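Novice: Now for the letters of each chain:
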Amino acid sequence: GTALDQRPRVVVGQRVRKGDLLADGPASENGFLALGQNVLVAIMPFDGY
Amino acid sequence: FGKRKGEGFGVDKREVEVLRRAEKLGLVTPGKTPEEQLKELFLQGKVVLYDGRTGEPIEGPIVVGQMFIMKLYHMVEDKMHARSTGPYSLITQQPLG
Amino acid sequence: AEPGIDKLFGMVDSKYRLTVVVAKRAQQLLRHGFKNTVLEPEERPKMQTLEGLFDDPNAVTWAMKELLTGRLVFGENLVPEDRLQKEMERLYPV
Amino acid sequence: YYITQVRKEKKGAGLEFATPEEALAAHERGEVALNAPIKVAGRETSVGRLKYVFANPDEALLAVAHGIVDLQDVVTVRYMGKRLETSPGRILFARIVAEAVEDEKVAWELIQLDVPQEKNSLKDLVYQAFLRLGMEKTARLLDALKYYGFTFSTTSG
Amino acid sequence: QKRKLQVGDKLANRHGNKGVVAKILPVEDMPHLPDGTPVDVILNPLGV
Amino acid sequence: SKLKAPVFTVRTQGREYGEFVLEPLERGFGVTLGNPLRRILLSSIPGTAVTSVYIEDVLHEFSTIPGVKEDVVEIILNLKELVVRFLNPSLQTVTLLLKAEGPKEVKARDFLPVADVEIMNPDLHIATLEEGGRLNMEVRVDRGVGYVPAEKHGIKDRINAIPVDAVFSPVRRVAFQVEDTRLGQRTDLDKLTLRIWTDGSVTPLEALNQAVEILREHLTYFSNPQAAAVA
Amino acid sequence: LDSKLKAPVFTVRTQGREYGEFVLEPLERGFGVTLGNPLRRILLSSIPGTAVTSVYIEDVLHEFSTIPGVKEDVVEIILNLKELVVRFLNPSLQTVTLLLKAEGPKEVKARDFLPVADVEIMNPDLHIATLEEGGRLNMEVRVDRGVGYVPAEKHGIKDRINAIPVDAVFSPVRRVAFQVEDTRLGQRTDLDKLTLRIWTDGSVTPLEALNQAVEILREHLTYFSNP
DNA sequence: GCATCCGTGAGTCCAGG
Ligand SMILES: [Mg+2]
Ligand SMILES: [Mg+2]
Ligand SMILES: [Mg+2]
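Residue numbers (the authors' numbering), protein chains in the order written: chain A, 634 to 682; chain B, 926 to 1022; chain C, 2 to 95; chain D, 790 to 946; chain E, 829 to 876; chain F, 4 to 234; chain G, 2 to 228.
Hints may be right or wrong, so weigh each one.
Just a sample of chain F residues kept apart from chain B, beta carbon distances all over 10 angstroms, derived [what the hints assert, rightly or not]:
#1 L80
#2 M123
#3 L127
#4 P152
#5 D193
#6 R219
Below 20 angstroms or equal to it, Euclidean Cα-Cα: the simulated PhoX-like pairs (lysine-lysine) are [said to hold, decoys possible]:
#7 B:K1004 x E:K838
#8 D:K800 x B:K957
#9 D:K871 x G:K72
#10 G:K194 x E:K851
#11 E:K832 x B:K1004
#12 D:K871 x B:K957
#13 F:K155 x E:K832
Under 7 angstroms between C-beta atoms, here's a sample of chain D residues computed to sit facing chain C [to be verified]:
#14 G923
#15 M924
#16 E925
Read the hints as simulated data drawn from the structure, not as lab findings.
Idealized CB from N, CA, C, for every residue including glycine.
All chains should be built: construct the whole structure from the sequences, respecting the hints.
Specialist: This is how it looks when you write it as structure tokens:
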């Protein structure tokens, strides 16, 4: 039930060499394995939450 | 921090309080300037933080960084369940699971 | 914890006896519409509605309250069962 | 544990003094640390206990409120007719217990003051509170210790 | 359905750290940096 | 020994950024003032946001328009970031139209302009259109407070209209500095600086004033006490 | 989207000149601490009060000296002095010296202080010292008007050469503690209910103390007004 | 007196598929 779609990553007329990225699939950021987010994190207790 | 010194801002008072704290924590070398000491802390991956509710700094320096966090498939939207009465079994006439 | 639960355990000789006392009393009050309460108007448990305060409907709340007031006699073989049932139906109709 | 710990510093390191005013002056010179152990006369006390004396716990906390000292600083306080040497942190702990169970006397009797509050001591506190005041009050004390423990962990840093 | 992140959803990192979202504080309650930047998630050191 | 009113410096850099210095204030009070102002400035500061989108030949959010590189989901992600300034205070709601086509990277300038309405980031990319690719939007942009998710405000100007998440607050950052200062023989006085950043919909100074006003109005509430009927 | 809030209700619960509870519900999300922390700061730092700033006692050299004829030491009398609640009745007044001479077997109270014009001792059954046969106590205590808390070694004020400086407990407030709870208004789920708690000494009351606090802030809001 | 062969048992709840 996860959504599996692909998105175009190049624009009209772009000269692309062999193996260049034409579309990003699910959980893919410009060809890298995008299994989540990079968030800004603080490691400290917090009121019990 | 050189961004800050150029923008025209001195070492905030709360950074002082936390710096004295972290000094009693053997985290900075005593006597160095606030910039020297904040750089010392930062290099340990710690920074000053201000409790958003109060304005006051955390009694001490706190590790802060960029992290890879993922959403796992197990979402609560899919698991919250509750029945008053429902369907029963054929032989046992107990509820289905 | 329940309001005044250490005294309540002090009242009975076995915690489960208090439990049975409370459940029986609360059913007695559910049956007669609380017209048999030993509580005074000022001691009624209240529930804060959106409109205003009203009587608490939870008859077990009422039961444990009445139990702390001392105005109830609990024990074994106090009276014949249908005699109690009909005397309560006589005093407080349904 | 963080609030009811006390600081142990290295600058003073057991110097000898004749009058307390000599010790306060020495700490003024940056020669001795506030909570470092020294020996004024034949007595082995610390600069913080002399420099800082509080008539009642409210005052101690009003000072910690104004930056004067910190909860882990060893200081002198007058609490229940007693002139105690202890931190304001341990004074706060005892106030939390005492307001939690609504009996200052029993409360004082229950705590161990001159120790950091850990798993074992907090445990014995709950056993003892149970036995002495009952489960309703021990539940109120538990919500209490819960509240502050979380609050003081957060900012503890 | 476009699923936003809610209280009870499970987050994790690549090092074993996993846990459920328990609280979503508004931006004015978050620990923030001297320059005003609020942090995104507050993990508890007690795991490590 | 009682202090007196301080001097109020104001350094604005366009509609975006502003520093607001106050000195001198009594010890501690740098925070006693600077933090509640922060909190009221990150939330409760009114602003605007896109609340609805209707596109032609789009039935729902998970579509793709032929001739367009972006999926509708992405287009609403772009359109969220649109900053739309209302020059008139009576104005509540605006329906911006956009008709575009051909080989062209539609930006936020391409909106048919309205009076009492100004797009504060016209260079904002929206779509990448291809030969023959068209686009006909009607976006609805409202005033409001704070963060109102799509799943709540449910705004649809018509049947195929998509409700959109609205981040109304126009304050993009609030930091405040407490520096050391003296006046005469007084030491440890506080010098309060408030750095404020917005989007241009409202400027840092207007923001700070409405936050002041909110806090003062809020102090108004304590003025009429009431007895406690617990007894 | 469209919001229709209502202005909250302010609720008061005072037990004498000493204690007050204050519940202000409902408040939009986050405003409980937005109001709580300031008023707390203000209520512990800037409520005008009176404090025993200095003390001279006859033939008493320093603070950690003994007093022959009295059982308390000097530190102890200085503490008992920290607990004196004196209230200036004339807004002009700024400072007083208070003198107290007693001797022989007796337990000095705050009553024994010699009355002054526009000076009310709120806690006259307060204990200072018990003297014995031959115990002589001549002392002068300096009492000023300020705000907050000043350690004895931060003002250092001396009338004379043997006056002891005393940590100055200006604040008529002994503690502020506020606690916000989530509360609901029909469909509104995340609203705030502000409970404030204020212990004073009796010179000012809790309600008076809080009203003074809200005033200072309201006035500080006006400092964002003319560059 | 010993091996020897037999049968019988081997944690809870939850999701899917
Ligand atoms: Mg002292
Ligand atoms: Mg004890
Ligand atoms: Mg809330």
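Novice: A separate judgement is required for each hint: does it hold in the structure or not?
Specialist: Checked hints:
With 10 angstroms as the threshold on Cβ separation, the claim that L80 of chain F sits away from chain B holds: the shortest Cβ distance comes to roughly 18 angstroms. Under the 10 angstroms C-beta cut-off, the non-interface status given to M123 of chain F relative to chain B holds; the minimum distance is some 24 angstroms. The beta carbon of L127 of chain F sits about 26 angstroms from the closest Cβ of chain B, which is more than 10 angstroms, so the claim that it is off the interface holds. Under the 10 angstroms C-beta cut-off, the non-interface status given to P152 of chain F relative to chain B holds; the minimum distance is some 15 angstroms.
At the 10 angstroms boundary, the C-beta of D193 of chain F falls inside the reach of chain B, the nearest C-beta of that chain being 7 angstroms off. Taking the minimum C-beta to C-beta distance to chain B, about 19 angstroms, the non-interface status of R219 of chain F holds against the 10 angstroms cut. Under the criterion of a C-alpha separation no larger than 20 angstroms, the hint pairing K1004 of chain B with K838 of chain E is consistent with the structure, at around 12 angstroms. Restraint check: the Cα-Cα separation between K800 of chain D and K957 of chain B comes to about 17 angstroms, which is no more than 20 angstroms; the hinted pair holds.
For the hint pairing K871 of chain D with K72 of chain G, the CA-to-CA distance comes to about 15 angstroms; that is within 20 angstroms, so the pair holds. Taking the CA atoms of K194 of chain G and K851 of chain E, the gap is near 19 angstroms; set against the 20 angstroms cutoff, the hint holds. Note on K832 of chain E and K1004 of chain B: the hinted pairing holds, with a Cα-Cα distance of about 16 angstroms set against a maximum of 20 angstroms. Restraint check: the Cα-Cα separation between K871 of chain D and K957 of chain B comes to about 42 angstroms, which exceeds 20 angstroms; the hinted pair is violated.
For the proposed pair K155 of chain F and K832 of chain E, the alpha carbon gap of about 13 angstroms is at most 20 angstroms, so the pair holds. Taking 7 angstroms as the C-beta cut-off, the interface hint given for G923 of chain D holds, the closest approach to chain C being about 4 angstroms. Taken as an interface hint, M924 of chain D checks out: its beta carbon lies about 5 angstroms from the nearest beta carbon of chain C, inside 7 angstroms. Proximity of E925 of chain D to chain C holds as hinted, the smallest CB-CB distance being about 4 angstroms (cut-off 7 angstroms).
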